[PDB]
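Here we start with a single chain on its own, the form deposited in one PDB entry, put down as structure tokens.
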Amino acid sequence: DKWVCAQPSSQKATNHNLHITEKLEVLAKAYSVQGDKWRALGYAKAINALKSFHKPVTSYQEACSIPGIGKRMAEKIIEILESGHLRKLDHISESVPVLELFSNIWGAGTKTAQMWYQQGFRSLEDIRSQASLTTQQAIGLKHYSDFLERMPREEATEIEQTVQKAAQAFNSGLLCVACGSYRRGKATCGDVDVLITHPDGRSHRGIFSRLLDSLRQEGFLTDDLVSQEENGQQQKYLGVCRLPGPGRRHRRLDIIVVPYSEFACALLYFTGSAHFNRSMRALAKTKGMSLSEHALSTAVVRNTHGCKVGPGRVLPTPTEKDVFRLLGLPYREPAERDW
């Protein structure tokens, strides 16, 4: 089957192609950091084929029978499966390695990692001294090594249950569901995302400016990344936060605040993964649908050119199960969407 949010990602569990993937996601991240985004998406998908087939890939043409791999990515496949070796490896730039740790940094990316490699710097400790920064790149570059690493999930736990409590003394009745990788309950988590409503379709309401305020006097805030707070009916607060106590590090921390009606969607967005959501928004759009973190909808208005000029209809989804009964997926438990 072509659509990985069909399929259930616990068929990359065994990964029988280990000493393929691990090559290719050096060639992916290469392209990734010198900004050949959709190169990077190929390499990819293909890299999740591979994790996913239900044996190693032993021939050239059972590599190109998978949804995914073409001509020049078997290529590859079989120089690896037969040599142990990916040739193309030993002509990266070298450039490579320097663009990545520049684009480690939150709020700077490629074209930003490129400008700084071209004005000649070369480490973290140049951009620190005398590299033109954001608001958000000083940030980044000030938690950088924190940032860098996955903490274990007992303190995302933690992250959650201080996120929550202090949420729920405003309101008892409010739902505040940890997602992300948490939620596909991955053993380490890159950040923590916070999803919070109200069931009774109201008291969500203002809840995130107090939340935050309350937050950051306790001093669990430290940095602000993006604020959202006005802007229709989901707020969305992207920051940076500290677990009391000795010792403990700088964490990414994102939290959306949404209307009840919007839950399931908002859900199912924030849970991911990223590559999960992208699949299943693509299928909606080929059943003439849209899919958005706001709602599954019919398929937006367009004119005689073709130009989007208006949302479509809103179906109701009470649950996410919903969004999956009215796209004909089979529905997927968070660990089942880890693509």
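Numbering follows the first chain given and starts at 1. In this text, the rigid core denotes the largest set of C-alpha atoms whose superposition between the two forms falls within 1.5 Å. What changes on going to the form deposited in another entry:
Only one entry in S129, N231, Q118, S132 has its C-alpha moved by 2 angstroms or more between these two forms when the rigid core is superposed, and that entry is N231. Put the two forms on the same core and the Cα of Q61 is off by less than 2 Å between these two forms.
Once the cores line up, the CA of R302 ends up 2 angstroms or more apart between these two forms.
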The other form holds:
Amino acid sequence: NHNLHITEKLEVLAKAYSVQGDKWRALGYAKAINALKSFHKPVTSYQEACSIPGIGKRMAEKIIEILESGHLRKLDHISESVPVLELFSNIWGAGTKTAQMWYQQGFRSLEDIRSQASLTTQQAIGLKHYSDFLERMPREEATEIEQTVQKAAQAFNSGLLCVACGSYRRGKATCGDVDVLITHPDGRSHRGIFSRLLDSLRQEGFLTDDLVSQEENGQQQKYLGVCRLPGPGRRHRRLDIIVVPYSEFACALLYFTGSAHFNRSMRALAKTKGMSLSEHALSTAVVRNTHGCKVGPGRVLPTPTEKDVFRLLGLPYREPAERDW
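Alternate state requested, the form deposited in another entry (shown: the form deposited in one PDB entry):
Single chain only below; no partners, no other molecules.
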């Protein structure tokens, strides 16, 4: 990043607008930031800023005030509720709506939430692991976690393919959580395995809490939970597992590898080509309404590998490490 001095200040607003619920304004700032940190050199002039995709007149203004005042006047008028909204929104399971409600109810600290707020089952787990859920783990630990899941899975079916995705696959030094994709080459042995996999991981005491896990449904697609490796000095870590049919392997891997912003940009590109891209598949000639929403099926394109998805979109392939946005 050659514009850290700028991106660090815009980050404050982006986050402020986000916790307040102004999602689209927040996105604007976030995409402007993803652009500056991705710039091949430091910005210097107002015009030079406007030439950058993702930065408009207003944003360019703010960029000059920073390079031209070392500061930004807007950061001094942010509501006093923001810090608290961010404190609350950082509880897993609580978003802008819940944070704003708690604030309106007079709550101002986690002690207030703990003693007076009504919490959903997920939020109670989020609060209990508040600090741990904000920490990142060394990638070496992510490996240990992936291996624990892989071994348990292959224990009852040696053919199961398990791959750590997310920031881990993108080669980052640390990871926020561990994303494990599980599928099977025969395109069938993946069905109804969550029940066995989870209880196995539970038997060894690996899983400590469950956030999202529809186990009554044999069609369960994901498990979002908490785990902890054995031994001293271990922290509770977020574990996200998805089981997918082999025919959707490439799209699921591309999805689960991210980054999130990379996925969104790629999906937006596919749409401009009359296609649709998701973790399930890439389709061409889909039917959309007057608002751009898909309301009719197109034709699912053959995508045995990630490269195929890039190729079909007229895009040069990009290693996972280069999808870090």
